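Peer 1: Residue strings, one per chain:
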Amino acid sequence: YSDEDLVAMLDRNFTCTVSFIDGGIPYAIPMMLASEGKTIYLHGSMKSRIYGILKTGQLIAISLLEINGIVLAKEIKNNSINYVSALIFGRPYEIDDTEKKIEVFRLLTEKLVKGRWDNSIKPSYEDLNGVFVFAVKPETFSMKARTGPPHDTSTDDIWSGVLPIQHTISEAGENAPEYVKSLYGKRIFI
Amino acid sequence: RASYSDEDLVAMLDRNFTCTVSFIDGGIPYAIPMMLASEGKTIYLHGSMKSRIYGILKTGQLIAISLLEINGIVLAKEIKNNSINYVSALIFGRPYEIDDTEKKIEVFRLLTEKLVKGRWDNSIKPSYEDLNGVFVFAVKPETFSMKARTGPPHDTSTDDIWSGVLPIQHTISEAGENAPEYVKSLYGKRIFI
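Read top to bottom, the protein sequences are chains A and B. Sequential numbering of the first sequence, starting at 1, is according to the numbering used here. Sequential numbering of the second sequence, starting at 191, is according to the numbering used here.
It is worth saying that the hints were derived from the structure and are not from the lab. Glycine included, every Cβ here is placed at the ideal spot set by N, Cα and C. None of the hints are false.
In the PhoX-like style, the derived pairs of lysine-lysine whose C-alpha atoms are separated by at most 25 Å in a straight line are:
| id | chain 1 | residue 1 | chain 2 | residue 2 |
| --- | --- | --- | --- | --- |
| 1 | A | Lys144 | B | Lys240 |
| 2 | A | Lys77 | B | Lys248 |
| 3 | B | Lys374 | A | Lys74 |
| 4 | B | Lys374 | B | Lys304 |
| 5 | A | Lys111 | A | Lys38 |
| 6 | B | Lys267 | A | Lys122 |
| 7 | B | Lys379 | A | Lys181 |
| 8 | A | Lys181 | A | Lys111 |
| 9 | A | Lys77 | B | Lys304 |
| 10 | B | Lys270 | A | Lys47 |
| 11 | A | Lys101 | A | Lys114 |
| 12 | B | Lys307 | A | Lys77 |
| 13 | B | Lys374 | A | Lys186 |
| 14 | B | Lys270 | A | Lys55 |
| 15 | A | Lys186 | B | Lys379 |
| 16 | B | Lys267 | A | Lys181 |
| 17 | B | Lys270 | A | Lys181 |
| 18 | A | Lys144 | B | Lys304 |
With beta-carbon atoms standing in for the labels, derived distance ranges:
| id | chain 1 | residue 1 | chain 2 | residue 2 | range |
| --- | --- | --- | --- | --- | --- |
| 19 | A | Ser45 | B | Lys240 | 37 to 45 Å |
| 20 | B | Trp310 | A | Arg49 | 36 to 44 Å |
| 21 | A | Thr98 | B | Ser363 | 42 to 50 Å |
| 22 | B | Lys270 | A | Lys77 | 46 to 54 Å |
| 23 | B | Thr249 | A | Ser170 | 40 to 48 Å |
| 24 | A | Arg12 | B | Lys248 | 35 to 43 Å |
| 25 | A | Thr147 | B | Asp196 | 33 to 41 Å |
| 26 | B | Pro370 | A | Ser124 | 57 to 65 Å |
| 27 | B | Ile218 | A | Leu107 | 24 to 32 Å |
| 28 | A | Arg49 | B | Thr346 | 24 to 32 Å |
Same shape as in the complex, but just chain A:
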């Protein structure tokens, strides 16, 4: 896998787990994932504990996980999960330029629902008072995956195969805008 594989996985997710060390123990907390290329943007309230953690500039681990199938092998020990995962290391740095904060909210909103930013009330500089934004570029990263059928080593009459797990946007209202309705039934995280 390459940089392009990481960007592709970043492009298709809007959440992540952020792991860090605090008082000598590891914490893991879920966060919204804005990105553009390999750069990750995290945001939240400056009144939160995570703000202070990120302001330190300490190394954080950002991880991503996509679950795609249950692998039923003939033997219990060969059962598995088809999945894709990434672990990204980086050192956060604060974005203070309010106009760049607005742009990061635009990147996020467009990852979620293309066309929504143009048809909604955008944040004011007053709204972004007290909201942090940190950029994280990868120091290092790795990825792992499993795909495909089970590996059976035997002739036994036991059914084997993969039970696919689909992630889909479902119906939110027939009288929603077309940029929303056009997502109904769409498979995501894929």
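For chain A, the structure is supplied; the task is to place chain B on it using the hints.
Peer 2: Relative to the frame of chain A, chain B by itself:
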């Protein structure tokens, strides 16, 4: 908002078969995905003894186990009110190694029945040799916390802007008509809820 209910944690453990495990290794935090066996509040981790995670678990250091369920995109009239509907858990515990093969067998049966109920019975069970190659640790929670958002967006504006929740569904799809009935009973089932 937040929860600290045991009944809540067990419910979430019961309906998830994966987790993220976060740990410190040479003063560097790591986070790796793992299969989640569980019984009540007790979590069982398993894997290859050739893995780096084995040595970490052998230390008995405090580890952080996290769960995350994503249920919808919340679109408010104001971008600043957009969010995600989700449920999350963060569990802290100190692992201990299970040494007897019978308890290891029980753990594999528990995991198998959580993935596909009915499958253990109709599948080749691990040999004693096989079990000697797989580690199993019990992790009992020392502390834990949970957080969730549900429901519609929050707004004050009167503007003519559609607002609502785009549900995200996680479903098992069809694996073929020749599958046994215990497998076919999962076709179309929505999970992680």
